[PDB]
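Single chain ahead, by itself, as structure tokens, in the form deposited without this ligand.
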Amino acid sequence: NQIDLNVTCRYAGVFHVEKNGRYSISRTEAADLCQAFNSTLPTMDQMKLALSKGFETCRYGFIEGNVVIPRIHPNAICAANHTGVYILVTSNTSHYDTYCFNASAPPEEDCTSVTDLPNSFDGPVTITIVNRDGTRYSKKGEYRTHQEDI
């Protein structure tokens, strides 16, 4: 009973979280996951500022009201060569990664590891934070509040 959460650097408080290495987070689960990090889904404005500080990914993820990919460098296999905060317009499906926003993070790039999940609640799941440099932090708990998500 195990969940891996792959996390990025923070940029103006905004970071990306991927569950189990694949698109697998619903919009309800995304809000609960950010809440476990003492964070919220970013607004578009928060995401644009993060982009301006160096944030880019190649993965769709939730922000408050849209699903996006922040892009700095044009890449043909990431958001169809677009730059800026690329907004997903048309999709059949409902599960993506998430972005999260932590107001307590540093104002610019913070590429230190994440070593806690401060607002997880009691539960039976082994939750492992995996950083890009491989650094791991594990704890037993739960973050999902909606039964539809388990």
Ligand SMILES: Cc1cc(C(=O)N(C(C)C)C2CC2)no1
Contents of the next structure:
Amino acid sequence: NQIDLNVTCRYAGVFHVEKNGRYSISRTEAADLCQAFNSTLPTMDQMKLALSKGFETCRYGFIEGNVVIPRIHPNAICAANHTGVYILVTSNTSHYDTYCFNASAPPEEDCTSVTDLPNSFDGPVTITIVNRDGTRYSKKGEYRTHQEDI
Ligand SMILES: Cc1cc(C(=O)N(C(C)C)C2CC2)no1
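One more: the block was the form deposited without this ligand; return the form solved in complex with this ligand.
In what comes next, the whole complex appears, and the chain from above leads the way.
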């Protein structure tokens, strides 16, 4: 009973979370997952400030109100070569990665590793945070509050 959560650097408190190496998070699960990191889904303004500090990914993820990809450099296979916060307009499907916002993180680029999941609750799952440098933090718990996300 295991969940892998790949996380990034934080930029103005904003970071990306990919679950189990595939698009697999619902919007309800995303809010709960960010809450386990004492975080919330970013607002569009928070995401734009993070972009300005150096944040970009090549993955769709929830923010408050939309699913987006922050882009700095144009790349044909990432958000159709767009720059800025690219907003997903048309999709059949509901599951993506998520972004999260932690207000207590440093104001600009923070590329230290994540070493805690501070607000998960009691449960049976081995949750492993996987940093980009491969370092891992694991703890037994749960973060999903909606049964249909389990
Ligand atoms: C202590 C401490 C802080 C971190 C860290 O990188 N975090 C990021 C994801 C905002 C916070 C939620 C735990 N890891 O350990």
